[PDB]
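Please construct the entire structure, taking both the sequences and the accompanying hints into account.
Each chain is listed here by its residues.
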Amino acid sequence: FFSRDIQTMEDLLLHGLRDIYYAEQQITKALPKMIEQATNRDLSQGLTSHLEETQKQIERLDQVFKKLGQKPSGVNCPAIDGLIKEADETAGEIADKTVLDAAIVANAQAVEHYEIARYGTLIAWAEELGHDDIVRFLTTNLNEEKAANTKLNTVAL
Amino acid sequence: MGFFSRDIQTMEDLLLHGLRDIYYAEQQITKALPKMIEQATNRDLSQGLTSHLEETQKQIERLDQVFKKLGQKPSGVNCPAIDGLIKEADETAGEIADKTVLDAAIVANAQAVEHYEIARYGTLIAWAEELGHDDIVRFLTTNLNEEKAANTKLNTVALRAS
Ligand SMILES: [Fe+3]
Ligand SMILES: [Fe+3]
Ligand SMILES: [Fe+3]
Ligand SMILES: [Fe+3]
Ligand SMILES: [Fe+3]
Ligand code: NA
Ligand SMILES: [Zn+2]
Ligand SMILES: [Zn+2]
Ligand SMILES: [Zn+2]
Ligand SMILES: [Zn+2]
Ligand SMILES: [Zn+2]
Ligand SMILES: [Zn+2]
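Residue numbers (the working numbering), protein chains in the order written: chain R, 1 to 157; chain D, 1001 to 1162.
Keep in mind the hints are simulated off the structure, nothing from the lab.
A virtual CB, placed ideally from N, CA and C, is assigned to each residue, including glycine.
Treat the hints with care, as some may be off.
Here chain R is said to cover these stretches of chain D; the calculated rule only asks that three of the stretch's residues, wherever they fall, bring their Cβ under 8 Å from a Cβ of chain R [as the list claims (entries may be wrong)]:
(1) 1007-1016
(2) 1076-1089
Sample of chain D residues at the chain R side, in silico, Cβ under 8 Å [stated by the list, open to error]:
(3) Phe1004
(4) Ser1051
(5) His1115
(6) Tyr1116
In silico BS3-like pairs for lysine-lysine, Cα to Cα no more than 30 Å straight-line [claimed, not checked]:
(7) D:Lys1068 to D:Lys1148
(8) D:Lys1073 to R:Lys97
(9) D:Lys1099 to R:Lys67
(10) R:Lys29 to D:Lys1099
(11) D:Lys1069 to R:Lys97
(12) D:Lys1099 to R:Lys71
(13) R:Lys71 to D:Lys1087
Below is the structure:
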C-alpha cells in the first residue's frame, strides 16, 4: 500500500520480471499472426520455432517466480504493446509479399532487441542483488533471443 | 483499414517509411531526454544523458542529409515502438520512491531505447546497401555506432539473497 511502491532494487527487479512475463505472453499471441503473414519458408519456420521457444521461456519465468517465492504475474508493458502495434500497422500498409517479409524480419529483430535489453538488465540486477539463483533461467531465455536475432539478421529474402 | 493500406509497394518505399519512423523516434528522444536528465540524480548519468541528447541532435542532422539525398521530407511516420518505450520509462519513474532505484530504472530504460535504435539502424543499413545508397549507408552506420557507444557507456556507468 504505497503510491510509489517500487522502494528498493529488489522491488525494481520483481517489477521488471512481471513486465517481461507479460511481454513474453504478448509475443506468443503476436507470433502466429506474423507467421501467417510470412511468405518466405525459412522466415515462417524460424518464427514457428521461436514461438515454441517463447512458450518454454514463460515456463522458465514461472521457475524464476517460484525461486523468488511467489506465483507468476505480469504487469502491462507499453514497450511490447507499441512494438506489436507498429508491426501490425506497418504490415497493413505493405502491398508486396517480399516487402512484407522484409518488414516482418525487421519487426521480429526489434522485438528480439527489446527482449535482449530486458533480460540483460534483469540479469545484471539479479547478480547485484545476490540472486544468482534466478540468473540461470534468465540467461537461457536471453541466449534464445540472441540466437533468434542473429538468425533473423541472416534471413535471405 | 487505416490511412495507407497497401501503399508501401517497393523496398525503396519501405526504406523511406523506416527512415521516417526512426526520424520520428529521434525527435521523440530529444523531447524525452531532458525529462530523464532532470530525474537522474547521479551526475555521471545526468551529464552523460546530456551528451547523448547532443548526439541525438547530430543524428537528426545526419538523417536530414539522408532525406535530402532521397528527395523526400522526413515527416510522415510516427513510431508506436518509441512511444511505448518512452511512456513505459515515464510510468516506471512515477512508481519509484528512491533516487538510487530511479537512476537504475533510467539506465535500464535508456538501454532499451538504444537497443530499439540499434535494431532499426541495422535494418535500415541493410536495406540501403541492397538499394545501392552508399552515402545513406555511411550516415546510418555513423548513427548506429553512436547508439552502440551510448549503450556501452550505459552498461558501464558505475552507479551503485534472503
Ligand atoms: Fe522471449
Ligand atoms: Fe516492458
Ligand atoms: Fe525472442
Ligand atoms: Fe518505430
Ligand atoms: Fe540513442
Ligand atoms: Na492508398
Ligand atoms: Zn506506417
Ligand atoms: Zn542514448
Ligand atoms: Zn538516436
Ligand atoms: Zn510499472
Ligand atoms: Zn508498475
Ligand atoms: Zn530476493
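Outcome of the hint check:
no.: 1; hint: 1007-1016; verdict: holds (count 7)
no.: 2; hint: 1076-1089; verdict: holds (count 9)
no.: 3; hint: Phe1004; verdict: 5 Å, holds
no.: 4; hint: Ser1051; verdict: 20 Å, violated
no.: 5; hint: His1115; verdict: 4 Å, holds
no.: 6; hint: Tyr1116; verdict: 6 Å, holds
no.: 7; hint: D:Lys1068 to D:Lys1148; verdict: 25 Å, holds
no.: 8; hint: D:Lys1073 to R:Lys97; verdict: 26 Å, holds
no.: 9; hint: D:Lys1099 to R:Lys67; verdict: 28 Å, holds
no.: 10; hint: R:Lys29 to D:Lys1099; verdict: 36 Å, violated
no.: 11; hint: D:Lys1069 to R:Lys97; verdict: 27 Å, holds
no.: 12; hint: D:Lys1099 to R:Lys71; verdict: 29 Å, holds
no.: 13; hint: R:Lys71 to D:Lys1087; verdict: 27 Å, holds
When the structure is compared with the earlier hints, violations turn up for hints 4, 10 and for no others.
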